[PDB]
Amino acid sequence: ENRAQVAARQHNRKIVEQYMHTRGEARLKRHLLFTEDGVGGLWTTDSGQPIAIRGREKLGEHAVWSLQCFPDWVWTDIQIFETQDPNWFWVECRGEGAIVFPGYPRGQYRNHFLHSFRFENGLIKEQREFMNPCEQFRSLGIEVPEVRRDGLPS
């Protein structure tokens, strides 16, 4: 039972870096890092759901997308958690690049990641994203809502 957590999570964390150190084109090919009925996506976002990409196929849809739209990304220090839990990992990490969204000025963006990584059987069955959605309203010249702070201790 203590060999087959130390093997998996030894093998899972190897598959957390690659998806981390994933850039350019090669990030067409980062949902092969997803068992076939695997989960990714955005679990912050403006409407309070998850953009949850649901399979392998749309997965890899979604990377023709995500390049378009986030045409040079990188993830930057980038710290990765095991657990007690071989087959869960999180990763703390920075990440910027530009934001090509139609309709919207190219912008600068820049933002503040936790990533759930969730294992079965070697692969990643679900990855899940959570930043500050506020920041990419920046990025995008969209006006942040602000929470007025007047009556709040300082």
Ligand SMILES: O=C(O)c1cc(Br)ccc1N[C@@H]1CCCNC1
Second form
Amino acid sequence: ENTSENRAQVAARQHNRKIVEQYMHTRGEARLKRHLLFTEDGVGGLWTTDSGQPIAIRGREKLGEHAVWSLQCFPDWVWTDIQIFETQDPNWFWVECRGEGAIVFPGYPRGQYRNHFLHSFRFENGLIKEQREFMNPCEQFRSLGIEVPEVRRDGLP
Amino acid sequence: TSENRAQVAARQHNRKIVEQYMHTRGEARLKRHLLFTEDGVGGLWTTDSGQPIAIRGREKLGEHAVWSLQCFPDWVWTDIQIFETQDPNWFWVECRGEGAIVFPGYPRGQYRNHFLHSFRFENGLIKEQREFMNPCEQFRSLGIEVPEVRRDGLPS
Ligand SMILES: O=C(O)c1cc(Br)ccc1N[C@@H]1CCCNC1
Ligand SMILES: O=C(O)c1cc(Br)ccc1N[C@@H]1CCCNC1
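Next up, can you give the form solved in complex with this ligand of this protein, since the form solved without this ligand came first?
Next comes the full complex, and the chain you just saw is listed first.
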């Protein structure tokens, strides 16, 4: 129904969505300002690593700093095939996408990195309170020339 | 408008199927394949090989739940959160999962992971289920050495 509360919810959902879209389409130099889409105490980072522990960057300044490292390590990164999922929580979105670009990590040769990604975005007062990325670390190993372990699955149909 | 009332109906029905899927345990896992369409696809989208292990069709889903009940004999999903989307036929689930892993040729272990699941529906049944996790936790549960990525310059 058309109550003012459901209008507020819809309003917020619409503003939050535009922030998700902006985050996902940010490229090149503007990547250095993306930290401004987060709350002061916002957290962003990679939730699927080889260690099994999240790489979580806490706070806007730290996100700012890490965006510099990221521009060096992924100089031409683009997100593609982007699909945004709104949820029953107007402050929570998921995104399913791909990504591609050069990977330049010290200690390895320069490679082409492609992966499939899920992102979680949680909001608070119109800014990102928590962003989390989920991907398959095995595709990153390949991109870096690191040997991928294989599971035998004997007697799988 | 009854378009939105059909949609809301579709969403609430599909959501109960997602709940049932997620809370199925023990022997009832032999019958979960019945929640799928006949042509339905289920499986693991994050593998070491980079290709999905997709199990196509209701009958095959059934047979692969037999294998799965030997490999993961006491598996349970926990800390379940269901996300509805703007599409009444598309849901996401964030959860944990754990239990014994018992694969041929590897030492028995205890597997635990963090999981995302995508469920897409058709006529109130599951047309496509996809699981996404971190394969490195599965390696670890199997005694398989996990390489370490060096991230130099990484700040704090
Ligand atoms: O793209 C950015 O500006 C960026 C900023 C921060 Br801060 C952390 C990582 C970033 N990019 C990586 C590229 C490879 C896939 N994961 C995300
Ligand atoms: O739990 C089931 O009944 C099941 C049925 C099918 Br057919 C395939 C895999 C199954 N379970 C595993 C548990 C370990 C984490 N990924 C999914």
